[PDB]
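In the form deposited in one PDB entry, a lone chain appears below as structure tokens.
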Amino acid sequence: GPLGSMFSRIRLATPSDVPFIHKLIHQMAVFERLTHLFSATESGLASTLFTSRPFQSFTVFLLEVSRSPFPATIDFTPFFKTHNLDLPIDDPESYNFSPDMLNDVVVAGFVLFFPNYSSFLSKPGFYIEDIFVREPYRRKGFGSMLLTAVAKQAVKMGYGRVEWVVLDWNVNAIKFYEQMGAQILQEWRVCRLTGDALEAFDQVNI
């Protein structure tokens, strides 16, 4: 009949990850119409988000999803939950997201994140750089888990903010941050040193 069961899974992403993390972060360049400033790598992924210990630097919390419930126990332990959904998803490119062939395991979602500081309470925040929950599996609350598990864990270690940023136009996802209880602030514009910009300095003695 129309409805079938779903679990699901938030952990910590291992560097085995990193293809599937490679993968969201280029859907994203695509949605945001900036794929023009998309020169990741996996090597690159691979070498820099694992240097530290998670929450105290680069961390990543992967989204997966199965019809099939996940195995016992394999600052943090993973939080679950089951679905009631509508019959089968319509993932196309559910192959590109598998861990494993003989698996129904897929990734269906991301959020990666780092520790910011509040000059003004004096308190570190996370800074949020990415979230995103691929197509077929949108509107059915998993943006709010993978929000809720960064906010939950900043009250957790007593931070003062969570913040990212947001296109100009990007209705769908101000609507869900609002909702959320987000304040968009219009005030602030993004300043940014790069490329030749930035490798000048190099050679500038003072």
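Residue numbers count along the first chain shown, from 1. First, how it differs from the form deposited in another entry.
Going by which superposition fits each C-alpha best, residue 199 and residue 129 move as one rigid unit between these two forms.
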The other form holds:
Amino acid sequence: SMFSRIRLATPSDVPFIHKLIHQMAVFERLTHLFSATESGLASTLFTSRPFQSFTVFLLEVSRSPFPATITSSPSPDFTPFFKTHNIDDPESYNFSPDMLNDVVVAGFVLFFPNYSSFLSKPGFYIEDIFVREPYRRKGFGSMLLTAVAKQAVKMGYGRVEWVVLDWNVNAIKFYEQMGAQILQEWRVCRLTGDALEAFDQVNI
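Can I get the form deposited in another entry as well, since the one above is the form deposited in one PDB entry?
Coming up is the bare chain, nothing alongside it.
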């Protein structure tokens, strides 16, 4: 068996989050966009309590069972998620939160609360999901998405949202199978860089 657990990230997890983000960039051939630092993550991701702002779930795996609970979780509204699944890991030493324990970080989901004005109810928006080698092709991306959905239900949140590439027909079918809807009318707009900085000059 391979045991898996999904838990909340805390500040000590910053090195793993950093390295997972980097591996995601490498995977996507987008490393030219990577400027993330451990200091940056540490100073930005943990300014609020879980589920109140940026939240990260970490997927960990082990050849032996996980404990049934986490007593030190940074939210009273979270208990971990688990699955048992029926592999060489050269990066294991970079992904072990307790060097002596037989547990490694395998992936993450970064999400934050969004809001429906009409319902006066928060939801979650999923920004990134990434599962590192050698744990790909095992359904763990799905597991991470499912964890966010389940957390929303437990907390009475009204929606979980994310984006998908228009040509990602397999993912679109998968999302539809889950009962999600693809909203065909909307397009994302982004203001960044020098165009964003120019707003400093606007006299209000």
